[PDB]
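To begin, one chain is listed below as structure tokens, in the form deposited without this ligand.
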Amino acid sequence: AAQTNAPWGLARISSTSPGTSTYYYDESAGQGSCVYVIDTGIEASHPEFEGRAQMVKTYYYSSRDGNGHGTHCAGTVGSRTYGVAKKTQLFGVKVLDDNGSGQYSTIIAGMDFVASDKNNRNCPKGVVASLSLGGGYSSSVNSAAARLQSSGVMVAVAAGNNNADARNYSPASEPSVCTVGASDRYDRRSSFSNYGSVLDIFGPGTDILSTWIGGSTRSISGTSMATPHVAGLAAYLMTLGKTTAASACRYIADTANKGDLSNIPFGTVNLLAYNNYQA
């Protein structure tokens, strides 16, 4: 399938080269998979989600996304126009308040929630969790992410936006999950992207158009934007049967575009998420 005039990041994930504008993907499109977006929520009524999004948990007075960040990330995972996996099921877990902040204790509860809640859902092609969040190093946050992954969920987490080594941030620094850095449309490391040995992969993160609250759209930047490209890619590849929740991060690294990115510090992988879709 071909989506013309797609956001650059979608075009990039199905291309060997920068500078194109059409996204190519297998029409299965992540059908039968599920992606949990652990964030500020998801505006499920947005026409872009086509009834495929729902809120499943909140730790606050509402499950509404009063911020936009979670809705944007969910859009990159699975919206019809802005998403990688256009037929996946999206589940919102609101661990971040409407200012975009959340206590680590709440974030941990949210991860444990997903590990159990997947047993309440129909995801025959597998389960992914996208975590566009984080703060300073915490062994408890890392351990929660490790548990979620161990439980059979493909966990993708943001590397962070500190232009620093991700070793000092969580859940970025948890080795067993998929830690995602950000690139721009010219195949440069995004200016803010963290780096380091713990990164598994890069995805598009600068100037990413997606859904926003109030039935709108907007372009924003962050490792938060790169992460859902990888989460959606995992869901897509799992629906195709090419990989599994336990092996998807490795598979994505195996099949990535190699050596395309600039300003990657010595010791950080030069790997850009790629669907290897061949019609």
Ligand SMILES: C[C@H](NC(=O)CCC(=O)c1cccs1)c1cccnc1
Second form
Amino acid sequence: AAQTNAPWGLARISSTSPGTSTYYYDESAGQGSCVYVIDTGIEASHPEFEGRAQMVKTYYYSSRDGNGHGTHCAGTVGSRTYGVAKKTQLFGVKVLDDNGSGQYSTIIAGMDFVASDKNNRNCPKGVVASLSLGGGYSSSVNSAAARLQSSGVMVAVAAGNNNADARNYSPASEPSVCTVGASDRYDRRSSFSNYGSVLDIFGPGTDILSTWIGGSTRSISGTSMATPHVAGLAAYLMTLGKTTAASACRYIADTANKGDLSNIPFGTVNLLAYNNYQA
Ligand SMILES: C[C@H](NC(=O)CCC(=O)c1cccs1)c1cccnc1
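Just the form deposited without this ligand so far, so send over the form solved in complex with this ligand.
Full complex below, order starting with the chain above.
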């Protein structure tokens, strides 16, 4: 399948070269997979989600996304127009308040929630979790991300936006999950993207158009935006049968575009997520 005039990041993940605007993907589109978006919530009523999104957990007085960030990330995973995996099921877990903040204990509870809650959902092709959040290093946060991965969920986490080594941030620094840096439309590392040996992959992260609250759309930037490209890619590849939750990060790294990004520090991988789709 082909989606013309797609957001540049969707085109980029299905291309061997920058500078194109059509997204190419197998029409299965992540059907039968599930992606949890652990964030500020999801505006599930947005027409772009087509009834495929639902809130399953909140730690606050409401499950509504009063911020927009979670809705934007969910849109990059799986919205009809802005999403990688246009037929996946999306599950929202609100661990961040409407200011985008949350304590580590709540984030840990949300990860352990997903590890259990996946057993209440129908996800025959596999389960992914997208974590576009982070803070300073915490062994407890890293352990929670490691548990979620071990339970059979492909965990994708943002590297962070400090132009610094991601080893000092969590859950970015957990080795067993998939840590995602950000690139721009000219194949440069995004200026704010963290780096380091703990990174596994880069995805599009600068000027990413996706869904927003109020039934709207907007373009924003961050490793938060790169992470759901990788999460949606994992769901898409799992539906195709090419990989599993335990192996998807390695598979994405194996099949990535290699050596194409500029301003990658020595010792950080030069790997850009790629769906390897041949129409
Ligand atoms: C993730 C980032 N802001 C945070 O304050 C970190 C949230 C978090 O996990 C914390 C780590 C240490 C104290 S709290 C963010 C994400 C989305 C929207 N706006 C901001």
